[PDB]
Amino acid sequence: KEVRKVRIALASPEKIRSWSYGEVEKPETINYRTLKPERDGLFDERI
Amino acid sequence: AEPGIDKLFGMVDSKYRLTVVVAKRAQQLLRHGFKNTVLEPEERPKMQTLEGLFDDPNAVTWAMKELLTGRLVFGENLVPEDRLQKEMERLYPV
Amino acid sequence: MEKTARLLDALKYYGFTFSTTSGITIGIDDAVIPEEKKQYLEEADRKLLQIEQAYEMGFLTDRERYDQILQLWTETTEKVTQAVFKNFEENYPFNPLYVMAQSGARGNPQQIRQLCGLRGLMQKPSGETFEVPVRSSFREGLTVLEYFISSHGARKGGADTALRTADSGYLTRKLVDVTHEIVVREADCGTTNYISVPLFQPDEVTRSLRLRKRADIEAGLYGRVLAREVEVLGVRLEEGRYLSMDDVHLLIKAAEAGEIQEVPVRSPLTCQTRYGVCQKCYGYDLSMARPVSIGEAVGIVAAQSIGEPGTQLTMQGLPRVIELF
Amino acid sequence: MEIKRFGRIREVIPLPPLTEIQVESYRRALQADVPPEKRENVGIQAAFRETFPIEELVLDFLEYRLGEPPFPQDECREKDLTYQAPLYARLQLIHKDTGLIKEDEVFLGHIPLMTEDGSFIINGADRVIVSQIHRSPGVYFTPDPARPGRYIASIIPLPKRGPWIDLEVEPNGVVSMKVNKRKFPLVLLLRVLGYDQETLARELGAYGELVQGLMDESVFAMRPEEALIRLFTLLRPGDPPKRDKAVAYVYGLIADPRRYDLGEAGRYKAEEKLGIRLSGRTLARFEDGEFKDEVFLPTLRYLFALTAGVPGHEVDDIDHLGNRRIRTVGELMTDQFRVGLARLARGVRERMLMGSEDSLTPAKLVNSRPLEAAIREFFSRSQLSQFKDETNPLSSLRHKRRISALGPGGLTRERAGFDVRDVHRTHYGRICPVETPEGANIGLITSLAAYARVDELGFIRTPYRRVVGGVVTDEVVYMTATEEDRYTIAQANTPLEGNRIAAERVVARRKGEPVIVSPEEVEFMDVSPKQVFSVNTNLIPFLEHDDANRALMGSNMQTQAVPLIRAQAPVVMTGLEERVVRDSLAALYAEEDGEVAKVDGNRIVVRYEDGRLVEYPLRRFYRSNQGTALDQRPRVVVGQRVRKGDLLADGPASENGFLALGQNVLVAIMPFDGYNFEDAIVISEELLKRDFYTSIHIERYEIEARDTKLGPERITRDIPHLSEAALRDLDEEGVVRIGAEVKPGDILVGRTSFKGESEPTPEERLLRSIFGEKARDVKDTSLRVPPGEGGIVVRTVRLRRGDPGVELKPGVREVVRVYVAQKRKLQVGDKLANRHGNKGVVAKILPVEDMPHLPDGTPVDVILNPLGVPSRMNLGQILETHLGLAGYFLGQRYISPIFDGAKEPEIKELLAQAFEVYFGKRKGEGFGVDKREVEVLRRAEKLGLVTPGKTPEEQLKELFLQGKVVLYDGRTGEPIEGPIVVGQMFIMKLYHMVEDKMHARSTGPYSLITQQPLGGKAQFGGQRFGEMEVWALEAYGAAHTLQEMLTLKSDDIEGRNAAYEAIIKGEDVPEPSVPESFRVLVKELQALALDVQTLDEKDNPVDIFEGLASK
Amino acid sequence: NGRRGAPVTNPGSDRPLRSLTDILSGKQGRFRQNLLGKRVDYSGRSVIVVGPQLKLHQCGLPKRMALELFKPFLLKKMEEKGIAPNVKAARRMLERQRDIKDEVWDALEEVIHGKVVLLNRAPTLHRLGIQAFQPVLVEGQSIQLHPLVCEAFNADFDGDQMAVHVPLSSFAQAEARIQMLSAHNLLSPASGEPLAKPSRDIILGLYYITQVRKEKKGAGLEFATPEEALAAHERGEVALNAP
Amino acid sequence: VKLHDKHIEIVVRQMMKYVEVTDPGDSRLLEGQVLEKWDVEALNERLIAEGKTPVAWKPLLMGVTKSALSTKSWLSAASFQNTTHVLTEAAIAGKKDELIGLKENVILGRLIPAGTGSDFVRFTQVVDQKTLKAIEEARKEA
Amino acid sequence: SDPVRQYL
DNA sequence: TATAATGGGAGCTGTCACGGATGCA
DNA sequence: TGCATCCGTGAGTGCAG
Ligand SMILES: Nc1ccn([C@@H]2O[C@H](COP(=O)(O)OP(=O)(O)OP(=O)(O)O)C[C@H]2O)c(=O)n1
Ligand SMILES: [Mg+2]
Ligand SMILES: [Mg+2]
Ligand SMILES: [Zn+2]
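Protein sequence lines, in the order shown, are assigned to chains H, P, V, R, C, Z and E.
Start counting the first sequence at 1487; every next residue gets the next number (my numbering).
Start counting the second sequence at 16; every next residue gets the next number (my numbering).
Start counting the third sequence at 10; every next residue gets the next number (my numbering).
Start counting the fourth sequence at 4; every next residue gets the next number (my numbering).
Start counting the fifth sequence at -14; every next residue gets the next number (my numbering).
Start counting the sixth sequence at 25; every next residue gets the next number (my numbering).
Start counting the seventh sequence at 16; every next residue gets the next number (my numbering).
Hints should not be assumed to be uniformly reliable.
As the list claims (entries may be wrong) - Chain C stretches covered by chain V per the calculated footprint, using a threshold of three residues with CB under 8 Å from any CB of chain V:
#1 31 to 41
#2 107 to 119
#3 160 to 173
#4 193 to 207
These aren't lab readings, by the way, just hints derived from the structure by calculation.
Virtual Cβ for every residue (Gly too), placed ideally from N, Cα, C.
Could you put together the complete structure from these sequences and hints?
So, in structure tokens, the structure goes:
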């Protein structure tokens, strides 16, 4: 179908969670040796 | 200026409806190999290569000259879109 | 258009070859200091201490003196600017400055005056003018002091063009954001409402009606659409007619005669098309001197049309526009 | 050839050393040549005595020293190091209780040194520290813009060395006080200092108006230490006001000469202003238990007596140059130094009161790094540390003499009003009124007048000769703008007999206003006209015929003049062209008398009368910041007997020692068939023939070979899938051979890098399975040449590690730099300009047969259209030609001083002496007048140029005197229907060449988050199609063309990839999907808890992520 | 960040961190810097330079700019003749400058036939900081602008530069030729007056040839008969154009 | 500076686009509430239709800045200026932008509603008579 | 106002 | 992992004009 | 209720950088 409007409105907490794929538990970025993403962190790929 | 533009603006009710008719017709020809053209081999737009004269590739140059001939019809709600897009792929294949 | 284009390359071509063989040049000897100059310079000093004495004898104030020291020197500047052009057109009518300014190829009287006559009264940083004018010409050469005095003005204008630009630019962006959705969405919105352009301006000099300047009437009328019939000097201008540049010049003449005082015109101040305007209430696509094609983004055109001049608007100046918009 | 000088002004003193502001200032802050004993508490030293001694255990400061540099200027230049000195500081720790004494000299790091020409090398890149102009420390009074009859008083210290305090007298009669934007009644403060209600009237006692109003004994009902806590309440809403902490706060704000410094200047200014001496650079004192005010009552005195009517209480012009002042480089860097020392002391006392209070030293109680990084910072990212402008030697000298009102401690762009930018009456002779930039920075960046110098307090001042009686002394004296206003100062060119003022009217200023006055009334006289203008401005002949607004472009464009291989000094000069080469420290001279031993493209050795054999070597073909070959050439031969101060080698843009920013050309002034249009320029192919307007340029091309997690990077000659053709110019290691021709596409350095987790995919493993060549594991990452560049490999530097001398940033094995030269002939697009503001782009190069030419067969070099002159009002260029005509036939150059140069008769006389050469030569060689010269003369007569009834020679004479000559179109032989202005003009090639600026992109790199193409030539940019362009397309109604710019050409990754397949395949371009950048917008609003939803017409969502975000 | 109280800086500098609203808003925000206008492909810049030989609807495009800007199209045509076997090898020819053979350029000339490009100059104040042109190739770097259009762009040749934009679709090409081509846009949309019109040299050239001498010698004598008037002029006592 | 009045008018017309309520009659509006002059004239028809009382309103003159920030399309208004104030208030009201104007479609990147993109012209067809007659003949009989 | 003097 | 230690530290300055929301005689 | 007064938001384009 064909886009014809653009709605903007508030995100219920449930909805925010509706978007999510992962709770970012750790404030870790990527492993200081593997240079790959640490799990449960901001770049974890399982999320 | 574009050869014979003042008369082009005379056919349409608004300059932008010429542009759309041109650009549409221009592409009917690009995909079809021009075979649907309503020109005769002497009216053919010709470019001059180093070897020698050849048919103009620019499908818009064509479309505009074509428009002047009167051999085209313009307007809204004249055909089903899909009955055209094959009756023409039938009459002039890709 | 097709022909005017060919017409134009034509004027392009010949005007260019002629320009070169014509022999036009600039040598220092073409800045003709008219000799009427020193008459006017001498005539000034005597009248200058003609006022330095109605104060030297405490006859009236400094605020009085200055006020009148500088009216002297401005109408002096006028005089010698004239003698520059009288002396040109009467004696050396093919002089390159004269030719160049006269055709509109470059230059204008006030610059040319500063090549040939005097530079004039200069500005002080505040905004007040020096009562000493720089009497040197650019041909003659300035005193270091004259050069310095003359520096404040140019810098204070350098800063002007740099700040101002920011406002013109900002002003344009507002204009676009407020008009952008305005397109020519239909042929006629059938509105029976219109506006009446006056051809007469109610004075306070005579505080009678005087005709309005031609260019101003051209700008209220050219390309409009009459919302009612008009019958003047035996001509019948019909409802629905797009006033041509000649239809306009006619009605000015009908108004000079007394047959018309205000022309009823289909304005966009009164279009009832939603989100845009219609054809009739708009008028010509001025770019094409003919009625406007449905689909023209007039609002954007409007904005670009009002913003592009202000750069380029020297005071009020552009401010007053902004205070109004 | 002969050099005729004009001008009657005997200039007493010379121009001073034009880098002095940069050299004198720094050395005066280091003192690296003063025996520590004999040093003086200013600059580097003063910062030491400020931060020390560190207080409870107490660490004290003995002396500092400086060592010579680890490496010499060039060495640092090459190796991307800094030209710096080691800083040692001898310290003695002593124990607050036992008498402990330890004493070490601890290394603080390296301070960067200043070269001779007054610049710096920072990570091997010359830079300049632009002086900064700012308001000066002191106390000022300024009318209140609200209430017409009341006046704010302001107290201002050096920046970030105290708070600003205002003393507005409110509409409630009793006086106020602002600090950190907190207002409160003043009396509370005066109390704290020990003040008594009577000693107020005892001192004010005049203005029952408010002297009696200021008093309010709701406050007087306290002792000094009482209100002291009264106030701490008013500035710290929440801190418990203990009498050990309230004394600590105000002291640390108003009397602690450790974070409150009025200037040294600020002392003297408010000293003589308020008429009171001053113990220190400090508002209040702490002496014998309590506070003893210094400034607040004196200030209080002025303000009040102003608001009634008192004499000698003037408001202050804060833009006056007695109240603005200059932070030269030395001062600016010491400030940063007082900030490292400050941090270093925060860290010593920290380790004083933790770690072991008796087994400690100076050595381990000091961590230098906080100092190191504060210096490094000021020099590597300040807004006053600028990449040096060494386009030509003038651009470098003008830089060192620039003045920014911007920067840390000054104005933000938005802060800048008009008054800061205006020329001030006091700029006269201090800051040039011409040399400023057009645009946003207009009036903030300016230049140092040519005769001007900044005094020890940091004020600009300018010289004036003292005239006594009516006779003019040779005693010159430099005045701040303030003492200037005291005198009646007559103009530089007031006429004299010997040294007496001949004229009966003299042209003078009092307080900058112009006044006509008798020689008895005159106290000083300008030194020279050159004293009002920038250095560049002073290079402009006939400046007084040029409108200001294009003298300014004439000034600036100079600094843009590209060094030319056949460069020559202007046939019309101003008399500075020689000094400028001198102080530009680019030309090379003789240290004492002697004789030339050897001479050579590479070195010059000279035997001196002192038996010394000094050998000066020649900086030959050095690359400058801007790429413009900085080349030194020798100007003496073996045996040449040389007096002292004579020349030995010409710098760049120097021709026997005169500043040669361009070339003198034969210029014809006429329309030329379009190719003159709107400032375009037409040139003769003969200019490229004899290699005029040709310049050498070099671009550095660096590359690094680094250790990776996937392997190392190898600099090799072994690059897979590449043909021996594509390698024929590389040595065995992979470096191009010095002396080669490299053009776009060419490898300069082969490099190999290992392939990632995309080690061949099926599609690719299989394709090679066919070709019997199995997957190679390295990659061609070589350094090629970018589009539109290329030249002749001139040099290569190879820095490895594992070699001696060298060690690079972590993880890099080896780095290779290869410098590439290009000879640049002038070409269609390059930009030309003359010192009068005339500028244009070479638009056409005719062959010599089309050039206009004069009857004796000679063809003009340049055709400048006359439409450029009238509106620009820069007539000086016109004179420059006329006297250039003369000089072209008398074989002369001229020196026409600015404002005191060659006038019109004096040059018309020269123009006749040249006529005889041009024509008399003829009438004797067997040729008379010509038939086309008569047709022209027929015309000239109607014009009125010539006197009717006069011999052809008589009449050609008359035109020649007018700068005008007969001219034949070489396309026809027919004359120009008129007589033209032909002459000799000095015209430079500017840095703005088409080669640096032609760029285009089909497709290229993109941006991480936006997926839109990068910008700039060096990234292989795309062109920004901004809001105003979009509008343009919008107004036209080009919907599809706009949509294209918004999707297929920028970031509609689907239809973009989709198009570049359709073109290469010959099919029309696909209709586009949604710009990937709108998506970024959605997700960025989600990340703000905002739910943006694309909806079809029946109001149900549309997944513009094609399910990639659904679950 | 910054909205309330102190702004969060990283250690060792005073630089506010860039909060989500900072990203969204301001002149460098997401809307104004990436949505209401992006950078673009198939576009270039160079110095402009007057070409008086140009016809109203044309401009001077350096052939090297041309090659890149049309690189897709050239790659194909390069095959549809045979200057290379396929498109991928065709591309590798033009990647090092030596490899470009002369019939590449004849191949490009073929390519751009009939189609127009867009020229933009510095401040697009109105609809005409952009106009469309048939490009004729040229050696040398500089762009060639037509003298008549310099006014609308406010272009002179003190060193101005202009931007070039290749339309792609048959619809964008049809838009530029019909609506945005110079020769069709001769009147201003603001006043309706002409905007392409003679200026500096062009009117100087025509004024000269169309002025008329007014000479002062005869000074208005009274002669009854032509017969003698000529004679007097042949005498040299009355200049040819004296009234 | 010759400059056709019609341009200034178009702008000025937008400056007058809004109105202030002075008695809601029989509507959900509220004295002082501002809204587009179109939208009150709109439903004052819906009220003369169901015969109820009409909204008393009042002309409003806004300047250009306020008049753009007050536009319906929150995408136009947000991208103008005052982005957070714009964005918060629209989200709260769950504003749905109809994509009527130009900036709206510029940010989405769709064909703008002007020129070649105007619904008045974008749907036009072009067929050569030797294909229009070709297809009209088979389609005459079933 | 100042989240440290607060906790202090 | 155990002497005893008990409330921070750096402000930053020379723009402006308008519109809205809040405090106050 | 009318009017100080503070807080927040703006302040041209592209290119080199
Ligand atoms: N900050 C700036 C500086 C310049 N420009 C562009 O460059 C033009 C400036 O050139 P000028 O010489 O100052 O203007 P001209 O109209 O060309 O002057 P003249 O009549 O003497 O030719 C204006 C403008 O198009 C600009 O847009 N913005
Ligand atoms: Mg220009
Ligand atoms: Mg210009
Ligand atoms: Zn209407």
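To see whether the hints hold, each was checked on the structure:
A count of 3 residues in the region 31 to 41 of chain C with a Cβ less than 8 Å from any Cβ of chain V is obtained; the coverage claim is therefore met, three being the minimum. Only when three residues or more bring their CB closer than 8 Å to a CB of chain V does the claim for the region 107 to 119 of chain C stand; here the count is 3, and the claim holds. Given a C-beta distance limit of less than 8 Å, the hint that chain V covers the region 160 to 173 of chain C holds, as 6 residues qualify and 3 suffice. With 4 residues bearing a CB less than 8 Å from a CB of chain V, the region 193 to 207 of chain C meets the requirement of three and the coverage assertion stands.
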